[PDB]
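Peer 1: What follows is each chain in one-letter form.
Number of protein chains: 2
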Amino acid sequence: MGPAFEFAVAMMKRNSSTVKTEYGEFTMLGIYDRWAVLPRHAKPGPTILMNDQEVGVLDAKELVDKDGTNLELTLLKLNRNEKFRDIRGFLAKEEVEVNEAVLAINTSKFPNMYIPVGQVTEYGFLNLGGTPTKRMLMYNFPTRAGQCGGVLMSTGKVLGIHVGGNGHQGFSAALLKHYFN
Amino acid sequence: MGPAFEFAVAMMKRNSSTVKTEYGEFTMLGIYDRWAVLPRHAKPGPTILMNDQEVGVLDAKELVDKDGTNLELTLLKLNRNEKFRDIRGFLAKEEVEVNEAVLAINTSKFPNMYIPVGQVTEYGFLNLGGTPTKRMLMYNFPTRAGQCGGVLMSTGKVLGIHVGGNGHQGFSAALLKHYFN
Ligand SMILES: *[C@@H](CC(=O)OCC)[C@H](C[C@@H]1CCNC1=O)NC(=O)[C@H](Cc1ccccc1)NC(=O)OCc1ccccc1
Ligand SMILES: *[C@@H](CC(=O)OCC)[C@H](C[C@@H]1CCNC1=O)NC(=O)[C@H](Cc1ccccc1)NC(=O)OCc1ccccc1
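As they're listed, the protein sequences go chains A and A'. A prime marks a further copy of an entry chain. Using the deposited numbering, the letters of the first sequence correspond one by one to residues 0 to 180. Using the deposited numbering, the letters of the second sequence correspond one by one to residues 0 to 180.
Watch out, some of these pointers could steer you wrong.
The list makes no distinction among identical chains, and a pair is therefore deemed to hold if it is satisfied within one copy or across any two copies.
Stated by the list, open to error - Subject to a maximum C-alpha distance of 30 Å in a straight line, what follows is the list of computed DSS-like cross-link-like pairs (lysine-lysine): (1) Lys-156 <-> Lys-82; (2) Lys-133 <-> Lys-76; (3) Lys-12 <-> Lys-60; (4) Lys-92 <-> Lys-176.
In case anyone wonders, no lab produced these hints; they're calculated from the structure.
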């Protein structure tokens, strides 16, 4: 569990930022290059505040599977000259399951806070706030608003991005390797 | 840093609770027996909500040093029949300094969240929100309200209780062994 936190803390320090869109404040993970990722419901506009700085969003892909079903992630390419440490190698090919995960959040409400959400099982199908959604990971932890974009980790693994919950369970969209090249 | 988090998580699970008084919501650490501890400014009343349950407070000691100077901790004895796992052995005789600390918080705003506040140095004297105060530990972390009563830890050590900050530094009252027998 320590090693997971240890990984979590170096990962967030190296690849995360706090983002403001018009839909709220979110944690954001840079994946490679100038591409990062947000929960879909961050509905990012044509520009964003990234660590308190205006950044224009070159592109954005609201992800759905073949049958078109909601996956709940948006990817965005950012005109900044800086390139994110490529972490694609940490992203799995299919939904991961771990016994001890850490959820990492980096915003104004929760600056650099980590939550031992313990055990994460592929939940799969979920009707999320009315929306048919798939590829969800589920963890037993009493999650809260302001936590979206939160990064779900174990040692060695970026498992996905936090997108919802209700009182005593939370849910991440699984962050799969092939969403980027 | 992992081992610190690992210690933090077992400690909070075993000895912490979420407390409501009329002054707000706080993290509370049970020390031994029926004695726990709150930041002074929790100003606890004759009864408290401990994990959503009314508990009457048998006694309360607002701690000051010899010269009478503010220490900013209140200790309280609780009529519950349950006895806290005695953790007095984890409390140092003088102000600790560590290179890697974790701050643990357990309330409604922050349920079971941990913050790697890194390096903690005895700050000593501080005029805290107008109040002359001593025995403060200082950490460089952008702390927030709702974090008071937060427990400051490294591996093996309960260092003290979170009591304030301003933007980019936070401060705990050092939690010393002799405050209890
Ligand atoms: C994250 C929102 C956020 O970060 O705010 C920015 C300022 C929030 C996390 C969630 C809130 C309470 N506990 C949590 O873990 N996300 C949601 O609330 C999420 C929002 C959403 C997204 C897509 C579509 C609809 C709504 N929804 C959510 O948690 O719904 C609860 C739920 C769970 C299972 C079945 C149905 C509904
Ligand atoms: C904790 C309050 C809390 O948990 O609320 C319950 C619902 C809060 C933490 C603090 C707030 C912003 N960042 C932080 O880390 N504590 C205080 O705000 C603390 C309150 C207090 C206590 C005793 C006397 C006066 C005030 N005060 C504080 O942080 O003051 C800032 C400061 C720092 C250095 C010098 C002077 C003033």
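Peer 1: Quick check: which numbered hints come out false for this structure?
Peer 2: The structure breaks none of the hints.
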